[PDB]
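To begin, one chain is listed below as structure tokens, in the form solved without this ligand.
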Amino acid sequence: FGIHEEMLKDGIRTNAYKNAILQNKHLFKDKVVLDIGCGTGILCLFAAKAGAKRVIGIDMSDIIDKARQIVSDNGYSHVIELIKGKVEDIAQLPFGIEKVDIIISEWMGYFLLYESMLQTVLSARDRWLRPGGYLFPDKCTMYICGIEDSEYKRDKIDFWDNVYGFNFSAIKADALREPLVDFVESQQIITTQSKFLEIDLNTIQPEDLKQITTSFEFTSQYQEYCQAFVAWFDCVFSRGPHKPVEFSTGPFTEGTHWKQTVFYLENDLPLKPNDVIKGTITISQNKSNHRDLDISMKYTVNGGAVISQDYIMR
């Protein structure tokens, strides 16, 4: 419902897709395009306008009936075909199509990986993408840095110390375990930014997603307290477009509906300039609710004792 208006009115995202598709008419001309999660159909309309021979959109949502009407009203009912259901439940693609040239998708979730459609996109790639075909977009990179956020930490974590006189501190751990999806101001960042994960749809395999172990490293720029780490991702249309097309969900550029992801620290870090925060982040589907993401960090400051903290986004 409102999720579709939010996706469309996300200008940064829809403009990046618009540019990647419409500026590459040469690449789309007379091609067969599969779009995973077409929603109201704007990306399918772009691909058709770019000259695709056939655009197949899959959405599991009941929006499909209205999306077909939109396709008709814009004169593309002979080019764009919409199908309901899960990729995994599709007997065949329509019109006897066996392979496709280009897969468009918007699979990225919050924190890139939370409730994402990555596995669906990889199944569709494995089933239908012709050798050498293109994935729009194909590369996402995750970044992390440290911030000052004493005010929000006091309002959101320490609030539970005293609630109308009552001790609610039993809840504090749970509040700390939940990453926050929200915007951070760039002036709050007190460290360099660390690339810590890349996901390349051209080469990644589903078994690689079972448990992601990765490392990160960033450096303090200030004499300051660090209350939280913040993470975001960048997304690149790399293989396919004539020039690479990119957009960011970070705090130095226009906001997106993904916002940023804030991981509050149990114990604030007292940082000096040039202090080094380095560690590992392990990401995996939660073992009791498969929709939940377990995110475990272990790290040090200048090689001190290891600090560990576990989070679950749910």
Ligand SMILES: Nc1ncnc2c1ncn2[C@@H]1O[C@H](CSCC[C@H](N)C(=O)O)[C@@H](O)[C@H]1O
Given for the second form:
2 protein chains.
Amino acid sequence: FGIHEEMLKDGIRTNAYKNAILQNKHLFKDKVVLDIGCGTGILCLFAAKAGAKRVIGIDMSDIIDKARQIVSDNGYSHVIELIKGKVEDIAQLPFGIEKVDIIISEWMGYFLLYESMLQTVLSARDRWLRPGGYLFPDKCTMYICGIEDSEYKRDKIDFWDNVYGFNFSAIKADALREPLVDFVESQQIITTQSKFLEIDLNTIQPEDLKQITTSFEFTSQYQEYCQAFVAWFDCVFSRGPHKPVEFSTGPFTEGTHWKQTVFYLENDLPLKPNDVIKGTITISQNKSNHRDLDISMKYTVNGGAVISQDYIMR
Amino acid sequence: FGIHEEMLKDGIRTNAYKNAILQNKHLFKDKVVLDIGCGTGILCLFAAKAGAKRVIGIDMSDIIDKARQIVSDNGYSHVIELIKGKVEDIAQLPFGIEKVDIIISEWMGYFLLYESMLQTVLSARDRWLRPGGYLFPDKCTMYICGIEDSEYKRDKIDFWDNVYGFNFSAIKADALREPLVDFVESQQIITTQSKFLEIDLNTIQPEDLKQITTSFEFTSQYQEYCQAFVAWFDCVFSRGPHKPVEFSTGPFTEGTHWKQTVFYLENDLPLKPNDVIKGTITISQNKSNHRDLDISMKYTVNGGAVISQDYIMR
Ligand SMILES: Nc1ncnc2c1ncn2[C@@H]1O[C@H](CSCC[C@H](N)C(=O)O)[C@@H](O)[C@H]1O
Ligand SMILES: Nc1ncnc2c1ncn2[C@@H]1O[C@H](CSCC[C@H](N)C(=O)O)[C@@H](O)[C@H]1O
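What does the same protein look like in the form solved in complex with this ligand, given that the last one was the form solved without this ligand?
Complete assembly follows, chain above in first position.
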């Protein structure tokens, strides 16, 4: 339903795709393009307008029926073919196509990896992408920093101490364990930013994602309390475009429907300028429900004792 | 997860329940209370504090495990018993309880009836409520009026005419068929209000809800275009409380998590003062997906020809 309105109205995201595709007619002319999760078909339309010989869109949604009408209303029924189905249940691609030159996908989830189609795209890549072929986009980088969020933490967390006079503190750890998807103001940031993960769709393998372990390090700029870490991702169309096309979901630039991801700390960190926060973040699917994402943090401040907190995005 | 944060933070709703319960200790003292869909247990806690002998909460959610801890942390483990389960799959109530004096429930959905627990409450009533017993709340009234919403209609509807130069108009009827749950400003209202439905939980029967047919009539106050109808409901704890307790989800009062429900019109209505809009609204569950709600409108303006529009809440 309205899920497609949201992405189309996400101007930062859609223009990034539009520019990467339409500015590179030379790369798209007469090629075979596969759009994974085509939805309403806007990306397919871009690729057709850019000169592709064939655009094959896959989507498991019933949106497909109306996407075909949109393709026809814009004159592309001979170029764009849409398939209702999960990518995993496609025997052959139509028209006897066996390899494709370009895969377009919008796979990125919240916190990049939450309920993402990454695995589906990697399988499509392994089954169909010709050697040397291109993934639009193909590189995503995650960043993390520390913020001051005293107001929002007292409202979302310490609310549970006294609810109409009752003690609801038994719920507090469950409130803390859920990362919040929300916009953060950049003036709340009180540390440098740390690139802590890069995902390269040209090289990554499916088993690399079973469990992600990574490191992060950032530096306090203020005498201040830190109540949360905030994380976002930048996405780059790097291989293929004549010039690289980029967009960010971070707080320093116009918002996107992914917002940012806020990880509330159990205990506020009192930070002095030049204090160093460094640790590891481990990301993996939840054992009891595979749609859920387990995120585990272990870090220190100036070598202090290890602080550890576990989150579940569900 | 955070669904319970939302209702607790809904002050209009929670205070209405708190006042109806805690202001009527005389009615609750030494009685047996059933809370349908108890969640975190706040309503159970109110009923216990009001003097109930026994409070039985039912919830099909795993929230129950933490709700039991909250009950214990507030000293009520001997009064409040919680059952994980659907009401439809409960053999006997515990402690050999066979009848109950009061049913509390928060059954109201969006547009009152969308994904509501009404049917579950009526079954609990028929199985367990003693003759003459009370339902908290027991009366809900729906209201509807016409609004000016030219800005939001051009953004949510005529957006589809031209999307990055492409014609997406094939989607426009699907955008119009989805009612929007959103807040409306009262100064957008340009008609009188029409009570079009009342639900009396003391008397209503399950088969009465298979298909609801009702009438509405309201009157234009301005020379203006009408782009949508807006609907909300008021809820009343009428039988039981010493004085009636009420709350509204309408635009003239503080917002609630139910917001209001906006029905965009296919064709704007040009209204003159004292123009009369009258018709029928038919509400029933969708044949192909029973979670969905079909809403059909047929109306006239000053006896003009019949205008009809169909909506699906899904
Ligand atoms: N395994 C899978 N196989 C096929 N489609 C999938 C899939 N997993 C998710 N999808 C589909 O991928 C889409 C991603 S939303 C992307 C929408 C489109 N690019 C636009 O801008 O409108 C969804 O519509 C969903 O139905
Ligand atoms: N058929 C059914 N049987 C038992 N519980 C149900 C049910 N249908 C819905 N529910 C439960 O009813 C609850 C309604 S939300 C009400 C929450 C509570 N009154 C509070 O203020 O926190 C949900 O938690 C849901 O799990």
